[PDB]
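**Student:** Take a look at the letters that make up each chain.
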Amino acid sequence: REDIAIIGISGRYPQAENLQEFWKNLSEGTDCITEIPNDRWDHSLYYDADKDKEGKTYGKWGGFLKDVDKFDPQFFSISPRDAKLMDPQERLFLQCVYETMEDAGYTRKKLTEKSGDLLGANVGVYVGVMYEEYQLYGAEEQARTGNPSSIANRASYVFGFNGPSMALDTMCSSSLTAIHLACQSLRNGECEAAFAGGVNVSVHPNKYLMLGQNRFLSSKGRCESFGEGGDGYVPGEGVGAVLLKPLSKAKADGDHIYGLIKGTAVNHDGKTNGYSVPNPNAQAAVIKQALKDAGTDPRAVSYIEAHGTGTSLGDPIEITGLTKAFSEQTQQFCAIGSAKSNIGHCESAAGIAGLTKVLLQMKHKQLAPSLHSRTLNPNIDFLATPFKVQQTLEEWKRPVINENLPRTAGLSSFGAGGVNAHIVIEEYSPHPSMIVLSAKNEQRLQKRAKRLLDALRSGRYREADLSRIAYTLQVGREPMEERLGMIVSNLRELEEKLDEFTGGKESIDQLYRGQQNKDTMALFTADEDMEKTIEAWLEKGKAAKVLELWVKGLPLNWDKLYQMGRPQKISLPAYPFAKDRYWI
Amino acid sequence: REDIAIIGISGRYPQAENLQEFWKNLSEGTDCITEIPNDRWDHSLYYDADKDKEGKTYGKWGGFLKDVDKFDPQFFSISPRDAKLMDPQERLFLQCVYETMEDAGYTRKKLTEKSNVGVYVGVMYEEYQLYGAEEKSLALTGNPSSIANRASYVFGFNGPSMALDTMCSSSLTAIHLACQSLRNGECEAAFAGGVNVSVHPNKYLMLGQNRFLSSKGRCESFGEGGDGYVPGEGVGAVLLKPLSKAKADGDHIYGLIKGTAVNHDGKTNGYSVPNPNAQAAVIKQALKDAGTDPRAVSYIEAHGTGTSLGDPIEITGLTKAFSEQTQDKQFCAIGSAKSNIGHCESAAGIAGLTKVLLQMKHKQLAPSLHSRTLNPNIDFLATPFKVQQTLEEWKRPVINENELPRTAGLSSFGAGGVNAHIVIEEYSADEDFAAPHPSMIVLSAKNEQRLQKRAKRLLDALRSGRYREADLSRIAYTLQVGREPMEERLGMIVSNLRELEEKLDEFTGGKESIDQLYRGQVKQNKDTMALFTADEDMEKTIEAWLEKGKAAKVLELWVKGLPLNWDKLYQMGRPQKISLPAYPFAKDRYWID
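Protein sequence lines correspond, in order, to chains A and B.
If you count by PDB author numbering, then the first sequence holds residues 6 to 149, 156 to 342, 345 to 417, 423 to 447, 459 to 544, 547 to 615, one letter each, in order.
If you count by PDB author numbering, then the second sequence holds residues 6 to 120, 127 to 146, 151 to 417, 422 to 451, 456 to 616, one letter each, in order.
Hints are computed from structural coordinates only; laboratory data are not their basis.
Among the hints, a few may not be true.
Over the 12 Å line for every Cβ pair with chain B, so calculated as not near, a few chain A residues [what the hints assert, rightly or not]:
{"no.": "1", "residue": "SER49"}
{"no.": "2", "residue": "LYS65"}
{"no.": "3", "residue": "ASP87"}
{"no.": "4", "residue": "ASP122"}
{"no.": "5", "residue": "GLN147"}
{"no.": "6", "residue": "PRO257"}
{"no.": "7", "residue": "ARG310"}
{"no.": "8", "residue": "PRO327"}
{"no.": "9", "residue": "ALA397"}
{"no.": "10", "residue": "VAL437"}
{"no.": "11", "residue": "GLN472"}
{"no.": "12", "residue": "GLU492"}
{"no.": "13", "residue": "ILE516"}
{"no.": "14", "residue": "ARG612"}
Sample of chain B residues lacking proximity to chain A, with all beta carbon distances greater than 10 Å (derived) [what the hints assert, rightly or not]:
{"no.": "15", "residue": "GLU145"}
{"no.": "16", "residue": "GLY171"}
{"no.": "17", "residue": "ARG542"}
Calculated cross-link-like contacts (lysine to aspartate or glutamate; reagent style EDC-like; alpha-carbon spacing at most 20 Å) [as the list claims (entries may be wrong)]:
{"no.": "18", "chain 1": "A", "residue 1": "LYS58", "chain 2": "B", "residue 2": "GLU203"}
{"no.": "19", "chain 1": "B", "residue 1": "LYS282", "chain 2": "A", "residue 2": "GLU59"}
{"no.": "20", "chain 1": "B", "residue 1": "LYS282", "chain 2": "A", "residue 2": "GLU118"}
{"no.": "21", "chain 1": "B", "residue 1": "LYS299", "chain 2": "A", "residue 2": "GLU507"}
{"no.": "22", "chain 1": "A", "residue 1": "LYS56", "chain 2": "B", "residue 2": "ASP590"}
{"no.": "23", "chain 1": "A", "residue 1": "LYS576", "chain 2": "A", "residue 2": "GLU522"}
{"no.": "24", "chain 1": "B", "residue 1": "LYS583", "chain 2": "B", "residue 2": "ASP558"}
{"no.": "25", "chain 1": "A", "residue 1": "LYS576", "chain 2": "A", "residue 2": "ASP538"}
{"no.": "26", "chain 1": "B", "residue 1": "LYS476", "chain 2": "B", "residue 2": "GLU450"}
{"no.": "27", "chain 1": "A", "residue 1": "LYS58", "chain 2": "B", "residue 2": "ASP87"}
{"no.": "28", "chain 1": "A", "residue 1": "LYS260", "chain 2": "A", "residue 2": "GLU118"}
{"no.": "29", "chain 1": "A", "residue 1": "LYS282", "chain 2": "B", "residue 2": "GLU507"}
{"no.": "30", "chain 1": "B", "residue 1": "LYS89", "chain 2": "A", "residue 2": "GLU59"}
{"no.": "31", "chain 1": "B", "residue 1": "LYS114", "chain 2": "B", "residue 2": "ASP590"}
{"no.": "32", "chain 1": "A", "residue 1": "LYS303", "chain 2": "B", "residue 2": "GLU203"}
{"no.": "33", "chain 1": "B", "residue 1": "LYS299", "chain 2": "A", "residue 2": "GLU522"}
{"no.": "34", "chain 1": "B", "residue 1": "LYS282", "chain 2": "A", "residue 2": "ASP538"}
{"no.": "35", "chain 1": "B", "residue 1": "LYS29", "chain 2": "B", "residue 2": "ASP590"}
{"no.": "36", "chain 1": "B", "residue 1": "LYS75", "chain 2": "B", "residue 2": "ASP87"}
In this text, a Cβ means the ideal position worked out from N, Cα and C, and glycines have one as well.
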C-alpha cells in the first residue's frame, strides 16, 4: 500500500477564470450563483410557480461560466469544420487537462522520457461525466454527436497517452469515483500516472425540467448547506482535473506537490426505503474503509469537505452517518464545510470541486466558510459530536501530539442514485538565469507574458525560487513555434522587462525574439561535436549569446544546467487560449 | 495471484431468447441479422444510396430483439406508473442480472449469509432523451449510471455500482475492472456486463454520415468485401468471484478469467484509426499476468470489425505479440461472434465472452460467417493464426514434447481508441454426498399463471435431456437453497429422472390430482410464521424430521409457507450447483403516453 501524490490541478467553476480567482471567491465568501444568462435559452421561455404544470419548473437560476461555448481548435491539430461538431464537455476537459499538464509542470514529451516501452508511455485518464445536451441536437434537424467516452478518449489521443481512458458514471460522485479508480490503477502498477477529473455543463432546459418534476430543487434556488431553510438545491455547472502519481517517484523526479491522497473508498447504499434516499449506516461503511487503508485515526482529522446536499432529509443523515464513523474509538473538534455553498451543486464535478477547495485550503493554510449557515436546522443537535459547522474565514492550525500531527482532511460525495465515496487528503511537509517562453502565434505572446506579469505583480513567489521558475519554463513547457527569452539574476529585473512588452514593441538589448530557418535543425541534431559545443557553452555560462540561437530554433538538452541536482518544479500560469465561438 | 472464476452467465442477443438458443444459432451458423421491424421508425422516409443529401442514411438493417419494450414491473417492487418513465437499457440489464443470479444458482439471499457485491456495466446511453423532446427524466432514463445503481439498490448490494464508457470495448473494460476490484479484495463478487439498444434513428443517422457501415449491411469478418459494419443490439451479464472460494462454497463454474488487460492507442494519424503496435501491447500484457504462453492459446475471439483498415491491422497486431515465440501452421483458430450477431456496440466483449464460454461447454469451435473469401492482405502462410471456416470439434493441445488445457483470448478495440484483451481457460473437474433415496424438487413464483411456465421451461430442458440421472441431488439442492422462496409455491417427490417428467407433463396437461401434487400459498396461512421462527423446539422437530426422512409429510408444510434451514443434514458436504432455467418474466408493454 503506497501513497498517491497530487502534482497538478486546475478547473473552471462559477465566477472563476482560474484557481487563483476561485480561491478568492471561497476565501472572501462570495455567492457565485447568478441569474440565467441571455445566451443559453430564452430566460423568459416558460417557468412555473411551485409544483403545478407538466412542462416547466420554478427554476430560479444557478452557477454558470462565461467561458462555455469557446475553443482554440488549431492548437490541438483539430480543424474548425470538425470543431463545429463537438461537445462543450470534451473541449472544456481537454483545455483543462492541458492546464493541469503545465500547472504540474510537465511537457507533452512527458511520454518518451519514462520508459523505452513503445510509443507514448502509459498515462491514465479517468473522468466522470453526464448526459450531453447537444444530442438534443436539431433532432428535428439532421445533425450533420453521442458519446461520454470521447471526452477521455480525445484527451488521450491528442496528447498521445497509452493508458486507460474512460467515462464513468455515478450520479453525484462521478468525479470522486474517478479519483478512486485512478488511485486504484496506480497502486497495482498498471499505469504510471493519471488524469482524474469531472465535467459538468448546463445547456438545454431538459436538465432544468427534469430537476423540477422530481422536486430536488428549492424555491429560493440557493445552496443552504446545513441551513434552516433546508429545502432543495441548485445545479452549478463545472469542470476540473487533477494529475496524480505515486509519492515513490514524486521525490526522485522532483515534482511540485499539492497534497497526498492517502485513502480512497467507495460503495453502494444497500436497499433503502425509497429509490433516491441515502442510508446513514451505509455512509460510515465508506468512511471507516477510507480511514482503514489510510491508517490514520478519526481523531487526526481536522476538516470534512461534506457532500452538503442541503435537503431536509440529506444533511441530517450525513451528519448522523459521519457521527457513527467517528464515535467507534474516540469522542479535537473537526470542522465541516462545503464548496457547494459557494458554487452550485456540480452534478458531476462535485468531488473535484471539493477536492480543489480542499487543496486551495491547504496551500494558503486557511479554513474557508460554508455560506448560508447563519441558522442551523434543529436536527443538527451536535450531540457530544466532534463536528462543527465552519461559519467564517479563520486560520487553519495543526493538531498537537500532546493530548496523551499533520493536516488531515476528508472529502465526501454521495449519489442520489445511491453510490457513496469518501477520500482522505493530507499535506506534504548569483548565476544569471534563462526565462524562456513560447507560443503558437504572434498575439498570444504577451498575454503569456501578461499573465506571468500579473502573477509577479501580486507577488505570489519571492526572490529565493528564481532558478525554479526558469527550470520549469525550460524543460516543463512546450517548445512552440513562436518564441521569446530573457536574462535575469534578479528580484526587480523580472518586471522591468515584462512591463516593456505591455508598454510597446520597443527594443532595448534586453529582448530576444525569433522563430523558420531549417538549414540548422538537420545540421545540429545528427552530430556529436556540436552537442559538445552546447556542453562547452554551459562551462563558461555567457548567457545572451546562446539565447539568440534558442529563439531562432535550437533544440537543446536542458538537463546540462545542473548542479549535481536539478531543482524541483513550480506552479506557473498555463497557456492562455483563443476565444473563437463554435455552436449549432 | 488470484484467478477469477466465472460462475453465472446470461444475455439476450439477436434471434436469441436464451443462451441455449444463442448457442444453436452460433453452432448452426445462422445469420441473425434481419430487416428493421415495423414497430420502431418508418424507414421509407430515410433511405438513400451514398448521397450529398442533408443527412439521410444508407445503413439500414441490423441485429434486433423481439420486444425490447417489455417488463415485469411489480416483480421488483416497482410501480407501473414509474415503469412508464423507464429506460429499456436499465430493465434489460436488471432482468438479465436476475437471470445471471439464478443460472449461477445463488439468489437475493446473498447478504444474510456473510454478515458487498460489485456491479460494472458499460453502456452507451442514446435514445429516450430525444423521444422526450418537444413536450424522459434525470435518474429515470437521463443517466447511464441508473442502470448499475438500480441493480444494486433493488437486489440490495453494498458494492461499487457504475456505468463506464469506452466506445466499443465497454463491456470488456467492466470485465477488466471487476476482475481488478476482486484481486485487491475491496469486493467479494461482481456483476460485469454490457447493454446496447437501437431505438432512435439518430444512432443510424450518425453511423452513416461518418461512414462506418457497409453498403451490403452485413458483418464480413476478414472477408473480401471488407467495407463497413452493422449495429447489432445486445445485452449480457456475468457473475465473477475468486477461484479461492469457488471450491469451498461449491459453485458451478463456466470458466476462468486468468488474465486481463487494457490500454489506449496513443497518437494515431487519424482520430478513429487503430494502432497495431498498440494492440500487442495489450495482448502481451494480458499474457504477462496470466503467465501462460502464446503457444498454449488455441482460439482468439477477435474484434472482427470488418473494415478495410481494421481487420488487417488486427491480424498484424496479433502477429507481433505471438512472434516473440515461434510461428507454426494452423496453430491458433480465429473467429468472431460479431459475424453471427451484429456489432453489439457496447456488448461486444460480453457477447464474445458469452460465445467463448458456450464454445467451452459443448467442446466445439463455432464458425466465423462470411469468410468464404479472404481479403488479400490476410497473407497468413507465415503466421500462427487461421480463420475458422466451419463447425468442428475443439481439441486440446499436447504436453509430451520433452493435457495442456483449453486456452482462448478475447479482444475488443474502440474506434475511440481504447483497446482491451481478456484470456480465458476452462476448469477441469478434479478427482484422482448423500441426499436420501427420495429428493425434494421445490419450485416457486409470485402469482398463479407463472407456475404454469416455470415448470414448462424446466420440462422443455429435461425433454431435450440437459444431462442424466446422476445429478438428481444437484438439481434438487439448487431449487431449495439457490432459488427465492416466492409467494406462490409447488414441490414434488422423486427417486429417479423418469418420475420427473411423468409429473411435469401432468401440469401442462389436462386436469390431474393423481400423482402426488402439493400446492399452496404463503398469503393464506398467517400466524405460523411467528409461531415457527421465534422458538428453539420446533427447529428440533424440523431437525427430527430429517432423522426419519419421510418426504411427503413435510412438503405439505413447505407449500403452506414453512421457512426452513435447508442445510438439512447434507452429510456436512453439500453437492455443488447446477445451471437451471431462470424465472420467466411477464409480457407487459411500457413506452409512450
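**Student:** Indicate, hint by hint, whether the structure satisfies it.
**Tutor:** Consistency of the hints with the structure:
no.	hint	result
1	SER49	holds (19 Å)
2	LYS65	holds (18 Å)
3	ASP87	violated (9 Å)
4	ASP122	violated (8 Å)
5	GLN147	violated (4 Å)
6	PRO257	holds (16 Å)
7	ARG310	holds (25 Å)
8	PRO327	holds (21 Å)
9	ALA397	holds (28 Å)
10	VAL437	violated (5 Å)
11	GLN472	holds (28 Å)
12	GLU492	holds (41 Å)
13	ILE516	holds (36 Å)
14	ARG612	holds (22 Å)
15	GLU145	violated (7 Å)
16	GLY171	violated (4 Å)
17	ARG542	holds (30 Å)
18	A:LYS58 to B:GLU203	violated (46 Å)
19	B:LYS282 to A:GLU59	violated (48 Å)
20	B:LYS282 to A:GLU118	holds (16 Å)
21	B:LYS299 to A:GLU507	violated (33 Å)
22	A:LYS56 to B:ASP590	violated (54 Å)
23	A:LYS576 to A:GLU522	holds (19 Å)
24	B:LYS583 to B:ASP558	holds (19 Å)
25	A:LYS576 to A:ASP538	holds (12 Å)
26	B:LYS476 to B:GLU450	violated (38 Å)
27	A:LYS58 to B:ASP87	holds (18 Å)
28	A:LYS260 to A:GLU118	holds (14 Å)
29	A:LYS282 to B:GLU507	holds (17 Å)
30	B:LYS89 to A:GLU59	holds (15 Å)
31	B:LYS114 to B:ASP590	holds (14 Å)
32	A:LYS303 to B:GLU203	holds (17 Å)
33	B:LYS299 to A:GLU522	violated (55 Å)
34	B:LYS282 to A:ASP538	violated (41 Å)
35	B:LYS29 to B:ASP590	violated (37 Å)
36	B:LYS75 to B:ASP87	holds (14 Å)
In the structure shown, a violation is registered for the earlier hints numbered 3, 4, 5, 10, 15, 16, 18, 19, 21, 22, 26, 33, 34, 35, in ascending order.
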